[PDB]
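Each chain, letter by letter, is given below.
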Amino acid sequence: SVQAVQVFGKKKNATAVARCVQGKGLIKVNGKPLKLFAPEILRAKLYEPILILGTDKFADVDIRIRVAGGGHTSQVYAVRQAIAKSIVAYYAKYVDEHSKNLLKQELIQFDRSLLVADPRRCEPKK
Amino acid sequence: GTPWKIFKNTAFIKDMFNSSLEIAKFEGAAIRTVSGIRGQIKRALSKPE
Amino acid sequence: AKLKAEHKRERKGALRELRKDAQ
Amino acid sequence: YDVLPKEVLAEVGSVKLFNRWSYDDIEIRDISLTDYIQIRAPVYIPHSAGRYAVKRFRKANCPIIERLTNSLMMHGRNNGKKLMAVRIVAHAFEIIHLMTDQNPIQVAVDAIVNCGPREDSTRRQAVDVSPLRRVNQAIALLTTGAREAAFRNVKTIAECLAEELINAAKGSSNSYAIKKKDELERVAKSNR
Amino acid sequence: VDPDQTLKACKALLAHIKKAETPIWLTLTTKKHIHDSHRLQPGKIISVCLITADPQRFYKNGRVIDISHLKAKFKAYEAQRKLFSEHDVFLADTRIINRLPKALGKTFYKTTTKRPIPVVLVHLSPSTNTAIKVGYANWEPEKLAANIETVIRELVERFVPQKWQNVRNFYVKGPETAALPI
RNA sequence: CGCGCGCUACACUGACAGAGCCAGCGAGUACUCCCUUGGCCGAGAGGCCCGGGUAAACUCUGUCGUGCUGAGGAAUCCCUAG
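Chains as they are written, first to last, in full-length UniProt numbering: chain A, 3 to 128; chain B, 922 to 970; chain C, 835 to 857; chain D, 13 to 135, 144 to 212; chain E, 18 to 36, 58 to 84, 96 to 110, 125 to 183, 232 to 293.
One thing to keep in mind: the hints can contain errors.
[To be verified] These stretches of chain A come out as covered by chain D in the derived footprint (C-beta under 8 Å, 3 or more residues):
1. 37-44
2. 48-60
[As the list claims (entries may be wrong)] Derived pair list, reagent style DSS-like, types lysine-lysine, alpha-carbon separation capped at 30 Å:
3. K34(A) to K18(D)
4. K842(C) to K926(B)
5. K169(E) to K82(E)
6. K838(C) to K968(B)
The set of hints was computed from the structure by calculation and includes no laboratory data. Every residue gets a Cβ at the ideal spot worked out from N, C-alpha and C, and that includes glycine.
Work out the full structure, taking the sequences as your base and the hints as a guide.
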C-alpha cells in the first residue's frame, strides 16, 4: 500500500533501474547521491531533467537508481533517462493526469532521448 | 614429444624437433597422441625453436 | 655487421627448399 | 533542492552553458549566417547524443558549441576523445571571460561570423560561398589555428583556442582564421 | 640443540665459505609432515610498502596501499616488477595477507621470499622440508647461533608434535655454494 | 635482393604521484614459460626446499618545465554513421 514506481533507462549497454517512491527530495545513484555519480564533466547532463522540470516537482519523491554495464557516458544517459521516465511515470500513476502531459511536453520540447531511447542499427545503403 | 600449450583443437607441442628446418621437413605430417588422437603438424612456432 | 642478413636469406631460402620438397 | 549544488541552484533560472553563461542575449552579425549558427535551442554542455549526419543540413541545427567541440577532436586531439574537447572548450571560455569580461559565447559567434569566407576560388573561377560552408570553414580554420599555433609551445589549446577565438571576434590581422579568410578572398579577387 | 654444535656448525660454514658478502641461510628438514591444515605459522619469527585493510587505509595514511588498490599495482606486471625493487619490505594485515599471494604471487611471492609479516618469516610449502634466512655475513657465530636457537624453538613450537625428533635433519646452509651440516 | 603487409620506435596530447569511477563475449577432473648452481629425504630410480637468468582508457587534484630526453618525398591507394 505504498506509492511505488519502477522505471528503466538505456543506452548502448548501460541499463539503469530507478525506483521512485513517496519521499522527501533525495536522488541516490548506486547508494551514493546523484551529485556524486558520473565524473564531474557530465553531471550537468545528469541534472538536465531536474532543472528543466524544477525541483518543486521533485521535493515529494525519492529516486533510487542502480546502473550496470556500459562506459561512463552510457551510464550517464541511462541515469538521466531513468530520472525523466521516473517522474513522468510517478506523476502518471499518483498525481493527476494533466501534470504528466505537462512534464512530457517539457521533456520532449527539450530532447526526446530523455524518454525514448533510439538505439542505432546500421545503414546498408542501396 | 610433449604438449606445451593446449588450446581447444590446436596445441603447441615441444621437446620433439630441434629446429624449424626439421619442422618444415615434417610440416604436413600425421602426428598422433597415444589416446588414439590423430593430428597434423601445421607450422613451426617461431621463438620457442 | 651485415652477416645476419645473409643468415636470414640463406635460412629462409633453405626453408623454401624444404617446404617445396615437403609439399 | 532535490539534490543540486550551490552553483547550479544559484543559477537555476535560465539555461546556462557550463552553468555560467546564458543564451538569451546573444546576437548574430550576419543575416546570411543567422539561420545556420544555432543559438535557438538551449543546451548545457556540448556533449549530446544527436545524430547530425543522417542527412544533409542537420548540422545547421546542432548547437555550435558542440560544433566547436566536434571540430576540436581532430588528429591533433586524437579522434575518439570527446571530454578532452569539452574540457578545452571550458578552460578556453574561462580564459575568454577573464581576458575579455565579455560573454565568451558572443565572442565565439562573432568569431565564427568574422572568420568564414564569402568568396572562394573554384580551382580560375571565383564563386560565392554557401553559408553552411561558411560556418564549416569558419570552425575548421579556428580549431586549425588553435592547434597549429599551440603545436610546440607551452601555451595549451585552451589558451590558444581562446586567443584565436578572441582575435577572431575582433577581426584582427593577428588571427589565423582571419588571415585565411583574407587570403581566400584575396585569391578570388585576383582571379574572378 | 647444543650451542657447541651451533657455533661449531657456524664456524664450519664460515670456513666453508671462502674466496658482496651475501646472507647465510638455515634449514629445517622435518619428517612425517602432512601439514595440510594451517598448522604452520604463516608469519614472523624474531622502506616498507605496508599493505592494509579498509579505512584504516585512509586512517593510516613507506606506502600504505590498501587491499583493493594493491590489485592494480600487482596486476600490472610492469608495475609488479617495480615495487619489488623500490619498496624494501612488505607487511600485511589479515585479509591482505590471505589475498596477497593471488595477486602479487608471480613477481613477489615466488623468488625473493619477500612476502609479508602478520598484522590485524616462516612459510609452509606443505612438504616436509623448510628453510629460513639466517642473517648477515658480518654477524657473529654466537649471534646467528642464538638466532638459530630461538628460531628453532619457536619453529618447533609451530611443528610441536615431536619438537626434538620431528626433524630428520636440521642444518645450516650456505647461500650459493654447497650447504653445511649441523 | 625486390614489392608489400602487420608490429615496434619517435612528445605537449609530456613525465611523475595519488584519489575516484565504468564493460561485454569467457567453465572439458582442464590449465602449468624456461632449464638449472646447490641442499634434504634418497641401497638405487623420483618427490621435495632454497637462489640464477575484476580492463585500457577517462575524471579530478598536486611536483618538474621543450630538455637527439621531432610523425616520415614523389607518388599511388582507400574511405560517407556507430
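These are the hints, each one checked on the structure:
For the segment 37-44 of chain A, the assignment as covered by chain D holds, since 3 residues bring a beta-carbon within under 8 Å of that chain's beta-carbons and 3 suffice. With 6 residues bearing a CB less than 8 Å from a CB of chain D, the segment 48-60 of chain A meets the requirement of three and the coverage assertion stands. The straight-line distance between the Cα atoms of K34(A) and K18(D) is roughly 18 Å, inside the 30 Å bound, and the hint therefore holds. The suggested pairing of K842(C) with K926(B) holds, with an alpha-carbon distance near 28 Å, which does not exceed 30 Å.
Among the hinted pairs, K169(E) with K82(E) is consistent with the structure: their alpha-carbon atoms are about 21 Å apart, no more than 30 Å. As the CA atoms of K838(C) and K968(B) are separated by approximately 17 Å, the hinted pair is consistent with the 30 Å bound.
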